[PDB]
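In the block that follows, a single chain appears as structure tokens, in the form solved without the named molecule.
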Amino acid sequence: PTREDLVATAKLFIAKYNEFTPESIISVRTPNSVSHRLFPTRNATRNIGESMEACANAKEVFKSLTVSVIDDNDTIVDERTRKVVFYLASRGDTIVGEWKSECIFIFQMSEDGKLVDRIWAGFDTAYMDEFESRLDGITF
């Protein structure tokens, strides 16, 4: 797979991700793929089923959620390990208000480069905690 092949699979992952359904967030992933969170305070590993359940839970809070690659100049491609690094803006609307953040996504593509075989996501964990505090504060 070419450099352009690896990015294109990664862009496709993003496009389907932004549909924000359990179906779409798995449709560019190999069924054995895992999704790792970076940084000890938030480390977690999700197989496909756990990702679908995470997405469904997230839709109970987020009314919209879109990510986008801020700048293709910053994108990192390792043709030998079939890895792509994106730095993304995430924007969303939630029952506890606005979500606005940035994160770094790392993809390892399958041997044919057509699917995502592994994901590493690094979030602004302090922002995550703060968002979770808004959630913890629900009252009626």
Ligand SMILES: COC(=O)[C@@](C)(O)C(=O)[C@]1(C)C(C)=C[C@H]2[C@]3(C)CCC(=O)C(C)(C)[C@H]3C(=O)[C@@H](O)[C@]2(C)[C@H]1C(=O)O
Given for the second form:
Number of protein chains: 2
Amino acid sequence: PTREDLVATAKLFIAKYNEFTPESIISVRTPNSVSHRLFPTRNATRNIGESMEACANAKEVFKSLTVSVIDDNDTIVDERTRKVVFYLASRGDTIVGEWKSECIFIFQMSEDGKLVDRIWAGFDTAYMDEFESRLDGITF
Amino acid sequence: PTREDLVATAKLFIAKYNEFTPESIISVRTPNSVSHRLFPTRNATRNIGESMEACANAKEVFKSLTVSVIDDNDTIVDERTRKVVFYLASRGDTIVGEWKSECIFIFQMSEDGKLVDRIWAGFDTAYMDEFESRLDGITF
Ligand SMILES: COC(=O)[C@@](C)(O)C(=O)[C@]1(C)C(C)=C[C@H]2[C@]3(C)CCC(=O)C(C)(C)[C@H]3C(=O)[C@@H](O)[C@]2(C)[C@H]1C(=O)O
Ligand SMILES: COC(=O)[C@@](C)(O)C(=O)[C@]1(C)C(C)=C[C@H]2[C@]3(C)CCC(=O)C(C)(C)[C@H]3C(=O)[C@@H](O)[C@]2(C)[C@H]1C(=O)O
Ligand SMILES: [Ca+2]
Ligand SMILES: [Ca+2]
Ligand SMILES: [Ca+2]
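Based on the form solved without the named molecule presented above, generate the structure block for the form solved in complex with the named molecule.
Full complex below, order starting with the chain above.
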């Protein structure tokens, strides 16, 4: 797969991610793919089934959620390891107020370049902690 | 510059980073180089002079620092943009005890591949907040 092939798959992943349904967030992934969350305070690993479960749980909190590659000039592509790095803006509305953050996604594509075989995601963990404290403070 | 050229310069940057003096942390950088932070919550941008001063400040807290590539197999190299990505463990001896975290470093090398022209660093921002809370607890 060419540099452009790898980026196109990563951009398709993002397109389907922004549909934000359990069906759509798996639709550009290999079935044995795992999704890693970077940094010790938020470290986690999710297979396809756990990813769909996480998406459905997020949908209980997020009324909407969109991510966008901020600048294609930031994008990093390693043709030899079939990896693409995006730096993304994430934006949404939730039951505890606005979500606004940025994150780094690393994709490793399948051998044919057409699917995401592994994901690593680096979030703003302090922001996640603040958001969780808003969730943890729900009262009626 | 080849793939091996780029990794070598990045690895030299890390070695001199771990020496952790104001001169050593700029020794592998171009004169106009800029260091960026990823993530809104600890967003900072520093030129050479600002990086030296920040090192001197940090040395008041960090007695010793070691960042190390966790897995060379995870390293990302983009020959076209001259970029290298490391996922690093960070380990520190500080005035409030042990520092232990992980971070992602992105380097963009100069045209000849011998210096670091631009740096982006993604830290565990929740852990940075936890550490500052430890610092703010110093009691005589
Ligand atoms: C961590 O990588 C991911 O985003 C994916 C590829 O693993 C996901 O499919 C998951 C299920 C999806 C759809 C969304 C994220 C978020 C809700 C996206 C918005 C966010 O920035 C936050 C940090 C709130 C995300 C998460 O909490 C993510 O852990 C999930 C739920 C994500 C997952 O796999 O962890
Ligand atoms: C990404 O770190 C860098 O490249 C720079 C330009 O920000 C730096 O030179 C500084 C001076 C250096 C040497 C170290 C960092 C750290 C102490 C590295 C270890 C860390 O994990 C932490 C997060 C505690 C770092 C920081 O706090 C950084 O602010 C500094 C001290 C960094 C700087 O301030 O610029
Ligand atoms: Ca639920
Ligand atoms: Ca909680
Ligand atoms: Ca303080």
